[PDB]
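Q: Residues per chain, in single letters:
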Amino acid sequence: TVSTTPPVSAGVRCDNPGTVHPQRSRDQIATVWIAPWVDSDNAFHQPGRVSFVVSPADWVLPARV
Amino acid sequence: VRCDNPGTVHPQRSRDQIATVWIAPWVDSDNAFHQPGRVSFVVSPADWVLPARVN
Amino acid sequence: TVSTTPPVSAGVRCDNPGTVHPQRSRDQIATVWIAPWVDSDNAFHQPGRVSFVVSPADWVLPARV
Amino acid sequence: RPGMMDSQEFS
Amino acid sequence: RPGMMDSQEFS
Amino acid sequence: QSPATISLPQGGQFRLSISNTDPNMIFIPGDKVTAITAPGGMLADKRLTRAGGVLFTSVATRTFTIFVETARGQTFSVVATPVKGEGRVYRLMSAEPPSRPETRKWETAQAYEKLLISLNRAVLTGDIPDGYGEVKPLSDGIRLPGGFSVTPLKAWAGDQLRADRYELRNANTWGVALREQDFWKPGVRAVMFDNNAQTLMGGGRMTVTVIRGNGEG
Amino acid sequence: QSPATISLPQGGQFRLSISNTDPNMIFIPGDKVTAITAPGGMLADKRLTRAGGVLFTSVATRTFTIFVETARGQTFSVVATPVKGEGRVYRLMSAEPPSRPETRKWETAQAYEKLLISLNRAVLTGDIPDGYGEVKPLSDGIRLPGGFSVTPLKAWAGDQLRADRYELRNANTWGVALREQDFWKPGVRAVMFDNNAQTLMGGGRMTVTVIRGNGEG
Amino acid sequence: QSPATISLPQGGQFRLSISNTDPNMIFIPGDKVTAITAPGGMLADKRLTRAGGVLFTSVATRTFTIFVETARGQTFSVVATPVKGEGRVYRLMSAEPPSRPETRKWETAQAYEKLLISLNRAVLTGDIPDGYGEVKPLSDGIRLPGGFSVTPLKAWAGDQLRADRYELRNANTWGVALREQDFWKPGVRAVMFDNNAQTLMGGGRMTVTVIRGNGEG
Amino acid sequence: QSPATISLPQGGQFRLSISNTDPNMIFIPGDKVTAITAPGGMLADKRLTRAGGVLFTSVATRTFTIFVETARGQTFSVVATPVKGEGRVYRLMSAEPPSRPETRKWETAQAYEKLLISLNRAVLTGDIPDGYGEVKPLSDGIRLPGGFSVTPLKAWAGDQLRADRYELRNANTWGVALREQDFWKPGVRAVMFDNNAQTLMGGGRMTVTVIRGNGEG
Numbered sequence: 091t092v093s094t095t096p097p098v099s100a101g150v151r152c153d154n155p156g157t158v159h160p161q162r163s164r165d166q167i168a169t170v171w172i173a174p175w176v177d178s179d180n181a182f183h184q185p186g187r188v189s190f191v192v193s194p195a196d197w198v199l200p201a202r203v
Numbered sequence: 150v151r152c153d154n155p156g157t158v159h160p161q162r163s164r165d166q167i168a169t170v171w172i173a174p175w176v177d178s179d180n181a182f183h184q185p186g187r188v189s190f191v192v193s194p195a196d197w198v199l200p201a202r203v204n
Numbered sequence: 091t092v093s094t095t096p097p098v099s100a101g150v151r152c153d154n155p156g157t158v159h160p161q162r163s164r165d166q167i168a169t170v171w172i173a174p175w176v177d178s179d180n181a182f183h184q185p186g187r188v189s190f191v192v193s194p195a196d197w198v199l200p201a202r203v
Numbered sequence: 176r177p178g179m180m181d182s183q184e185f186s
Numbered sequence: 176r177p178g179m180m181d182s183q184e185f186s
Numbered sequence: 025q026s027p028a029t030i031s032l033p034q035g036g037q038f039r040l041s042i043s044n045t046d047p048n049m050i051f052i053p054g055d056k057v058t059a060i061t062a063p064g065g066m067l068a069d070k071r072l073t074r075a076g077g078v079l080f081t082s083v084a085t086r087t088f089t090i091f092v093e094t095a096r097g098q099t100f101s102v103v104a105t106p107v108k109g110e111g112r113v114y115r116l117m118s119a120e121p122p123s124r125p126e127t128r129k130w131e132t133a134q135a136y137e138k139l140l141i142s143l144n145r146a147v148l149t150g151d152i153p154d155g156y157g158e159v160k161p162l163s164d165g166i167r168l169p170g171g172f173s174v175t176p177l178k179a180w181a182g183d184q185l186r187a188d189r190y191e192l193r194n195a196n197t198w199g200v201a202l203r204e205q206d207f208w209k210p211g212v213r214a215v216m217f218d219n220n221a222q223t224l225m226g227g228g229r230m231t232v233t234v235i236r237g238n239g240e241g
Numbered sequence: 025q026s027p028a029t030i031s032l033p034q035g036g037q038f039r040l041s042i043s044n045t046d047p048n049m050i051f052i053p054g055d056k057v058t059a060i061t062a063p064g065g066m067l068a069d070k071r072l073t074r075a076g077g078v079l080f081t082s083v084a085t086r087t088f089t090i091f092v093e094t095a096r097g098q099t100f101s102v103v104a105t106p107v108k109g110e111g112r113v114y115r116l117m118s119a120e121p122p123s124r125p126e127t128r129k130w131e132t133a134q135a136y137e138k139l140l141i142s143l144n145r146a147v148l149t150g151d152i153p154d155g156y157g158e159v160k161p162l163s164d165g166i167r168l169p170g171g172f173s174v175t176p177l178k179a180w181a182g183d184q185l186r187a188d189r190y191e192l193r194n195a196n197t198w199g200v201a202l203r204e205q206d207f208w209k210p211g212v213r214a215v216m217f218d219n220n221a222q223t224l225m226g227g228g229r230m231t232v233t234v235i236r237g238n239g240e241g
Numbered sequence: 025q026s027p028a029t030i031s032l033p034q035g036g037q038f039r040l041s042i043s044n045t046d047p048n049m050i051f052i053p054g055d056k057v058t059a060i061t062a063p064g065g066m067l068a069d070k071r072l073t074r075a076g077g078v079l080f081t082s083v084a085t086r087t088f089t090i091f092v093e094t095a096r097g098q099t100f101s102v103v104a105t106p107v108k109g110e111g112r113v114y115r116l117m118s119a120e121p122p123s124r125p126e127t128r129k130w131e132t133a134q135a136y137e138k139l140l141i142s143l144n145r146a147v148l149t150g151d152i153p154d155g156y157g158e159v160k161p162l163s164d165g166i167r168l169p170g171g172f173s174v175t176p177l178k179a180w181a182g183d184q185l186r187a188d189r190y191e192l193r194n195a196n197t198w199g200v201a202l203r204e205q206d207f208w209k210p211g212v213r214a215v216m217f218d219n220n221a222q223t224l225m226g227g228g229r230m231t232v233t234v235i236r237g238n239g240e241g
Numbered sequence: 025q026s027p028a029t030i031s032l033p034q035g036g037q038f039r040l041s042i043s044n045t046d047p048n049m050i051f052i053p054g055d056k057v058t059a060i061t062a063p064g065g066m067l068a069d070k071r072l073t074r075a076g077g078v079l080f081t082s083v084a085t086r087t088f089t090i091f092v093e094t095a096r097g098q099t100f101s102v103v104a105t106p107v108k109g110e111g112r113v114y115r116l117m118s119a120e121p122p123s124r125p126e127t128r129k130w131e132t133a134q135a136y137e138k139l140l141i142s143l144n145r146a147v148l149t150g151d152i153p154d155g156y157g158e159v160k161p162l163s164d165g166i167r168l169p170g171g172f173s174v175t176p177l178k179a180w181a182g183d184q185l186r187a188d189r190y191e192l193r194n195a196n197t198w199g200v201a202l203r204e205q206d207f208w209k210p211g212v213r214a215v216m217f218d219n220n221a222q223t224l225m226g227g228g229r230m231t232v233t234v235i236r237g238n239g240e241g
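Chains as they are written, first to last, in full-length UniProt numbering: chain A, 91 to 101, 150 to 203; chain B, 150 to 204; chain C, 91 to 101, 150 to 203; chain D, 176 to 186; chain E, 176 to 186; chain F, 25 to 241; chain G, 25 to 241; chain H, 25 to 241; chain I, 25 to 241.
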């Protein structure tokens, strides 16, 4: 079945958990440092830190005051 | 004064239209008299009326 | 067999439960609210309330006073 | 060519 | 040939 | 401008005006004209249209008689007076319903009350059955009771059934409650009111669809 | 600047100016002209155009009558008086429309939305679809606002959705207002108030149908 | 310089200026010109381009009428005044959306909310669907509420849906919070704001994509 | 010295000088000119060039209009006034770009680097790849700087790499700064701080994933 992303926000002029301008959430970034290594053509590699996104973003209905 | 809501409207659902015909006395093929009576039919069916306003 | 819709109305110048101008009854409308959901193309849907007709209309002979 | 008009139908 | 045109259609 | 409708019976002869320089047309609302005959050397050119009418041009100056004949079996004579002017269009309305054996098969194949319902729905909506054709309305076709007046609008006929629409006007100041039965005249077969009405206020404008037997009585 | 829209009746005559030096055009919206007839040697050239259109050029200097016949058995007459000037376009239109096309809703709704709707309708009717079978109502399926008391009534479940009906009971003895969003519980797909009543009073016992997800993930 | 856009309806006739020595072009934004007709002996040479336009050269000196006809079914007449000068380019914008039965199949094949989303993403990015063609924007197409002014920019139409972009300017000194619903006019079907905006400060420049039914109302 | 770049709109007219004695060249970046049209007997010779280019030589002594049509349905007009002198090159450019190509990253990373990355990601997600299976965490896999205390948590191993997660505990009660290089032990391939936080304070409990080499050699 289709996903249902937002739990009802914290509970002119209608107080609806729905019908609120939706924003998207933030992706999660994780950094891995690679140990210096060598390769078949005998080159020594010092990469640094590689950052990758573990989770894609998801929709969110803002809490309404 | 600010509000964030889609414009709500109430369904209308207009009714049907009925037309009735009166049948004058007639005798059928197998010879049975039929005294005056009536048959009714729906000229135009019912249907949802598109709203004129959304406030 | 053919349906027989009207029970005899509450019991120039003939008092007949039959032969009265027939009216049609009213359809029944029911509203369902859909929970906000997302779809494969990642669009978030906030539908609102959907109204449907559960029962079609039926004929009725008015009560005669 | 009286009253003749140029009507070119293109393919 | 007056009013005439010239058009090359490059392949 | 609108075409002139004359409504001659199968025996009718009507003195109309024909044009000279520009062509003219006579058409049957419900039938296809198949032949047209005039004194030799009077009609210059004639053509049959796809709709079923006849386009003719008369170059002569003397008054002449033309016979037009249709496919269902019909013949109407018109007397034309050649005058200089623009072309003219005439609507030769039948006035005596034609015979249509193909329509009778569809009319009789189905039930009766159903057939009445169908012919009436159609009159209401405007989707006239394929076999039915426009005929002259009956001038006096229903009983007028106590102060109403009627005028005719439209009429459609098959083989065994007719159909008429009559505009009713209430002269009486007091509003008159009307029941379908009042209108029954010998030979009518159903009376139905378009706007279902228990009563009709003075100055009322109500049309009523009445159907009769074709040629009965 | 804009076509001269002219709604004349069938067999109607409309007198209109045409240009004797430049081509003129007559078109009928929704119809394709099939044939055009005029006095011999008046209209020199006649050409069909995309859709239903006739581009005619007349060198004549005298008023003449021209008949146009379309593809749905419509015939219209026009009296044309040539005049020096620009070519004139005319939009020929029917007087009283013969038929009314009922356009079906082309719109189609999302599959998931339909699935929720059908089930709710079926539960309301009481017919239970083939896949669905009866089971135990969930003990707490909805949020209870303002002292409401819920008693499990009925439920049915199937491969991808499940349904529960609970009877609401109001102990508040106050005038309450219903908003289906209040009865939301993390994991609900839809809430239906069987009686479409905005406000429940004390002992307002509306029954609400909630479809959640069987096999929830 | 830029091409001149004139936007004539299917009945439109526009007095433009044509050149003599060097050739001229008239093209349809969304349709392929297939035929072009002018009085005999007026157009010296004509050629059809691959894009779908028409290159013509007029050597005559008298003012004349030209008809251009397209493939989707369209016809526009223009009145040309032969003047000595350079060639001229005209953008014959439709002004009444054309009929495209092939587009309707794609429009109706898919769901509805999806179709709205697609047509809107495209308007935002600029990747216009293949079937859609540029049509004249509606001068008054949305409700303007309490002090905004609008100007039109672009419009794309298929068979059953339209698409418009309207530049909104806030005359009022006080900033006005805007909700999509304010703009609804009978016949619109979605209103979306490009820059999602809770409020619009005075002197605002915000474009809003609104789509309507083609020919509805 | 440099081509005269000219970004004119579609159907645009740009007046430019050309040489009547020497060949001139017009080219469109990213487009190939398909055809070139000019008044008859003005441009004597026209030749296609590598890519999209037109080398034209005109002996005329009068200003004239020339139309160029490219291979993507673009048509541009140019008003050319011949003048004695050098041949002139013109870079024709589109005004507003029709589409935006999203260029994919062509860059590909080393295989070993990808292998380290995928595993770290999978461990973080908690999904464990097919080859990998759970085993015992290594007792001491990392250097402990500044009083940190490490408690084995979880590990998985596979044919060529193995992974261990340890929970760091800070007993220092000082503000420390993390550098992944500190946690190096002879034999480590990578260290990942699950929470990307530069400084840990007292009780800073970041969990670090270290992939060493199973089957170390």
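Be careful, since some hints might not be right.
What the hints assert, rightly or not - Quick list of the computed label-pair ranges, beta carbon to beta carbon:
| hint | chain 1 | residue 1 | chain 2 | residue 2 | range |
| --- | --- | --- | --- | --- | --- |
| 1 | G | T175 | I | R124 | 37 to 47 Å |
| 2 | I | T223 | H | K209 | 56 to 66 Å |
| 3 | G | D151 | C | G156 | 30 to 40 Å |
| 4 | H | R145 | G | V159 | 17 to 27 Å |
| 5 | I | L79 | H | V83 | 53 to 63 Å |
| 6 | I | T223 | H | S173 | 53 to 63 Å |
| 7 | H | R74 | I | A119 | 49 to 59 Å |
| 8 | I | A28 | B | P155 | 53 to 63 Å |
| 9 | C | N180 | I | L79 | 50 to 60 Å |
| 10 | H | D218 | A | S193 | 50 to 60 Å |
Please keep in mind that the hints were generated in silico from the structure rather than gathered at the bench.
Each residue gets a CB set at the ideal place from its N, CA and C atoms; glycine is no exception.
Q: Of the numbered hints stated previously, which ones are contradicted by the structure, given in increasing order?
A: 1, 4, 5, 7, 10
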